[PDB]
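**Student:** The chain contents come next:
There are 4 protein chains.
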Amino acid sequence: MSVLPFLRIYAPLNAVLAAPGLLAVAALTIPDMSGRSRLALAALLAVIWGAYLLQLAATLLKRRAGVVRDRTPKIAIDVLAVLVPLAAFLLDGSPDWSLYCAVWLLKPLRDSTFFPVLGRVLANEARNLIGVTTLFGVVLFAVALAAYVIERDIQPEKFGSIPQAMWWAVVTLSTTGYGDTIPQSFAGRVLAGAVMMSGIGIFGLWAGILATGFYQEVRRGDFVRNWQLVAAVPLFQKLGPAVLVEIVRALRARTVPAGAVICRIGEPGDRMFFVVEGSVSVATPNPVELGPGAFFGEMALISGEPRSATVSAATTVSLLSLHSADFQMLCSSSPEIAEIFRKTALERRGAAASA
Amino acid sequence: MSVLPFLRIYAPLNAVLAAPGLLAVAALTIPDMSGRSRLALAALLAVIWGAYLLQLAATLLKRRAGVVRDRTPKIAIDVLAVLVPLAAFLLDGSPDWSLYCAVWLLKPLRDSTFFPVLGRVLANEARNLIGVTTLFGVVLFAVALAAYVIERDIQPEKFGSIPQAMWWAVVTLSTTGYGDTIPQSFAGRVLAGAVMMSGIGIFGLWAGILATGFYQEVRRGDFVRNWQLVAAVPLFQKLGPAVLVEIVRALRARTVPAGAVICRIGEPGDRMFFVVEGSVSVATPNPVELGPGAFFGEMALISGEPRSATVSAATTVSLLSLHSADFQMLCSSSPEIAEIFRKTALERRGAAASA
Amino acid sequence: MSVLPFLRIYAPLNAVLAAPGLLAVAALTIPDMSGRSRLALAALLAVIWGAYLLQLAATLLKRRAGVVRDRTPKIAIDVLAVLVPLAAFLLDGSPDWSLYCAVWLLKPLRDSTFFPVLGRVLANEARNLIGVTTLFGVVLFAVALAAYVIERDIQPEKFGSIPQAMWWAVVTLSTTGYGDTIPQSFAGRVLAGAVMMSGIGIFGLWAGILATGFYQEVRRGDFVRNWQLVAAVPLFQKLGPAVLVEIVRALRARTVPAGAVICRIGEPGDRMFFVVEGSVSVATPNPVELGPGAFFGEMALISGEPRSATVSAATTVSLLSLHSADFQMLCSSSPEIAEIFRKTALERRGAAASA
Amino acid sequence: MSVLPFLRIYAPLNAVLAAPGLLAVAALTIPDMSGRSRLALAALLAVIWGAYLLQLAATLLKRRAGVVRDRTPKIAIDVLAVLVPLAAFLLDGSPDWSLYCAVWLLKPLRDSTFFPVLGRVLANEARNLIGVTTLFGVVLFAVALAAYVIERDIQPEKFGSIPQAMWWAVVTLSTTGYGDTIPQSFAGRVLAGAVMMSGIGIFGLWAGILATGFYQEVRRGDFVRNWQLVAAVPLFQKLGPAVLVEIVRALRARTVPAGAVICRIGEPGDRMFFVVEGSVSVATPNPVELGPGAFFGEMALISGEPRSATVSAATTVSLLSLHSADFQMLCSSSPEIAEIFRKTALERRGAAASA
Ligand SMILES: [K+]
Ligand SMILES: [K+]
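Protein chains in written order, with my numbering: chain H, 1 to 355; chain U, 1 to 355; chain L, 1 to 355; chain G, 1 to 355.
Each hint should be verified, as a subset may be incorrect.
Pairs count within a copy or across copies, as identical chains cannot be separated in the list.
Pairs of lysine to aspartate or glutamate residues, derived as EDC-like cross-links and limited to a Cα-Cα distance of at most 20 angstroms, are as follows [unchecked claim]:
no.	residue 1	residue 2
1	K74	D32
2	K343	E298
3	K343	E246
4	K343	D180
5	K343	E289
6	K62	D78
7	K238	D96
8	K158	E336
9	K343	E305
10	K238	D180
11	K158	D180
12	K74	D96
13	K238	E336
14	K74	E298
Bear in mind the hints are in silico, worked out from the structure with no lab data behind them.
Same shape as in the complex, but just chain H:
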């Protein structure tokens, strides 16, 4: 609610081409299809193949930034991105060689930030997951066995065994309800009463395990990335030690590309930003082009008024962002700083028009 995401978050075309790349699978998979478009898209495989292969060697030029790097992840698939189709094309002379479009599916995951954010936490919290997973196996066979006791008599063809009953366990436990093989007797139908009660109690924790400290990591991701952009601000030699741990939990940083809009004049002013790198276009008779290490919005927050200036992203600006309360927290947190923001809320009234 308090950030401006711009400049092509889903940027690199190395990721993009999997989506059209893998829909190219389908038409080969289908009888009664004409040969025209059949092979037209086989080229598209060769495009993407060639396209990453074009990209490939430029990556294999890993002399760029060659000091200390850990690029086993990034490179691992690029190699197989082109070999696996290639080795496939010959030995699998039959059309099923296209089935090695299971390969690019990592290419999104290759340059997928936020995916290592996932695997980072599992190796602290899987301690619970396994005791639950065991418990998930406890309750499976603890319950799955209860049915073979019963309907083996009058449902041999369905419940004439244990693992057939294990099938109806997770289906019945995992919220699903396929609807293939269901009891007829009473006591077995009694047993289902606890199952949904159970699995929804089970998953009530287990899926909760994920979001539990995942959110901590992401709420922590908003600090590790943001203890940066702190000392750059020339004012923050006076902030107390504990002051900062409060604030940075809310301060998310995102970038704006050049040319785009930041805050349009007259829109309801609801936030203020801290510029730390780049430059802006504060639309005034003298454009107050504040570069690295600046801010604006106190003209709008202290007064609670619309924007006093159409700020447009002159350049690639690494922005922070902040809603009022936590800035009211700040002006509450210290009178010493509202003084300059009091002055600045007067200086920028005269320094907007003037220089």
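Let chain H serve as the given structure and place chains U, L and G with the ligands on it in line with the hints.
**Tutor:** Relative to chain H, chains U, L and G with the ligands alone:
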């Protein structure tokens, strides 16, 4: 638990008429129906059409409050509220013109506050949603492909292709369990074991993403709307800076219409209010009609007793509300203020009967 | 994890008899049944009827504690508890009069504390629920309509109308998957992709709305009930104002009946209690029978040792409970109090054996 | 995200053998199977039987650590681990004696820590669960009854009774959607509209009840286990009282086995550890083998640089772990301690190479 919502929250009839408006669709949709009621409700379309159209021009008189406004949202549908049916009536000479009752469905959403509250946050947090959505696409085809490996042989008519297998993917992943095409072999039935385990882990985050900071926004909505009604209270020149950030998280404000009841005498006193605008009917021999900038309940909270007065909403009062603990927090937070509430818990004993 | 619930939480037999009471419904509902047990349980209705009716008049003696009370809830059903069966017995001469066993179902809810805890909060937070409920209606027909566009042609008997399509909406949205009427075409099967994605995003908030501040109320329920049992403790004239708001969030109170065990000797000591009313049996050569306003466990917590005494509930004791950390919080929160607990951890070593 | 789990968390083979043990059930359960492998695995039962029985007596030697112990849980199944199969083998002369493989399923749960963590909390919070469970029974029959009103006429074979309708209740309430018996009329199909709305509101709390304070216990589990490893650190005589309650919520402890890696040189330094027991291999010209009561990473955190030393687990080290922010919290929390970490960030530069 600590607020009095009254005065027609679901007020404007511009919203109301969609509900009866769109049930008017149905009877036309149905064979073997008599023509009597068939066309009776076609009028009702013309009513609502005419009714908004009656409303319409009064809105197009946008000279009301014409200083600085952003009414592209509000007006966008009102225009189409009446044109789309109208242009429909002629070219679609066949009865299917009524199918342009897809149009009013925004009219609730037109004057739906709390809906922009939704879209506000997605443009900070969709960063995650897409990495998950990709991941949702990862796991779809990563898993959907695994089945065509198998049952293409003995289930051509069902699993004789990939996207047919993609169908059984999300159905099997998204908790649903339709029950149309299900395996027969073992290894494919093995694969389902992880699926529900997965999707319930997937959605265990992804739906959690929504409530995650949504609740922050709404818990923030209770501050942005409520840093108002602060300075109006004549007492709050002495409250510390950080005192307020604690409190306003709990203080929700709602309005009471005139005539209605606020706190009935003798009911178990469980809360106290801060009046800031309007007037009341404190039912006493001298009605202590406290107007803008007042409160009551300390007579009941300090003593923990029932109500000492039937307070009824004399007028349209913009109320705050507060349960004890956070008022006990207050009386704990400062002895200087309990003094006047000590006195007031004596003055209002004598000032209830007297003037 | 830190409380001792005892003394028949599910106590009153006025609640109990619904469960056997309503299973008495069934055998009448069933053909090919013998008349013997058919009417045997019709008596059991008359038992419970007579049993509450026996209870009834003793309740209608509402001279007990007759000062200020709000007993419209409690009495409302008791009246109908016996009239509704009675008026049923005659006019409904056919056996279906037993269908007025829909009546006792409130009798649990009659003396169901924790149920008003539910309805208390909905009248603060249903503001959201309705904007969501509208939104739930938005997305219903916004999506339900999309299908009649398509399969009316080749599925008249199933999708030959709108509300038939509304049926497949919520079924498909609400996680369920019945499996009666499913598409065959592509584009309609495309549409389901967003649905589960939606409804699981929808309910991802909406059910979250419930637990959101419900937990606040219950986490608040642990304070409102527990700002009691504070001043009774003779030591708590020195605790700071803000000290208490920290602590009582964790301190839950429950009662122990007489005779039962409290802490058995030698078990791993993990907590300490504050007695405020009743008496104990501290099993020592001189039983240190501490009555109202006492505590024990610091002998075990400071040393981190097993229990030094088999404490058994001599009487009906209203207990508090506390795990270490928040007592370590206390001994951390003030050195002035650890002094007496230092002394007490010596006095009770000598005062356990001695008097 | 901030811990190193190693040394065989899922260690004891007493747990392990259930998994292969119980898959041994299946092949006996199946007709048309050869007798060869039929009996081969019956031995495997005798293996595990004999294997625990081998383990058994060594456990019955409970003279180890015989001071004060509560081993009724641990021993209860071991006894039946071998008797139940044994008594089964004779009286159940038919092959169904193998059905007493319901017995080992506790053996995981025997030495399952984190399972008592489950049952600990239910006896504080089941107060709610039962009022909900009653409410779950309220809404069951409150709703289940509504259908027999209707479809008993034209669905006797399906809805010709109440409990048959109770079947379609929980199936329809508990998110499942089997798909066996579904209405045809309107008003009954109206009723389902609230059901999913209800049960997803129901379970929206009820499963939430579990994770609610479960997470508290586990977030409390990270303190009770970790008020240990506090005084051992020679520095922590100066930490304030309240300082610690902040920190230990994040500090999780895990063990590393001997030989394994701790922090490899050059990897991106993201955390620092507190050694309290064991020894390391700080790979330097003079290996700075810090034993009980040590730490490292401030060389990497203050500078925000990669690792300055390949630390490998020389021995079984009981490690703590800590990411920056909470160490930045520390260096923020007190200048007095950053002094020695300032010096140490210089001493270990010279004391890494030197001794
Ligand atoms: K389902
Ligand atoms: K189904």
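**Student:** Which hints, by number, does the structure contradict?
**Tutor:** Numbers 1, 3, 4, 7, 8, 10, 12, 14 - these are the hints that the structure violates, sorted from lowest upward.
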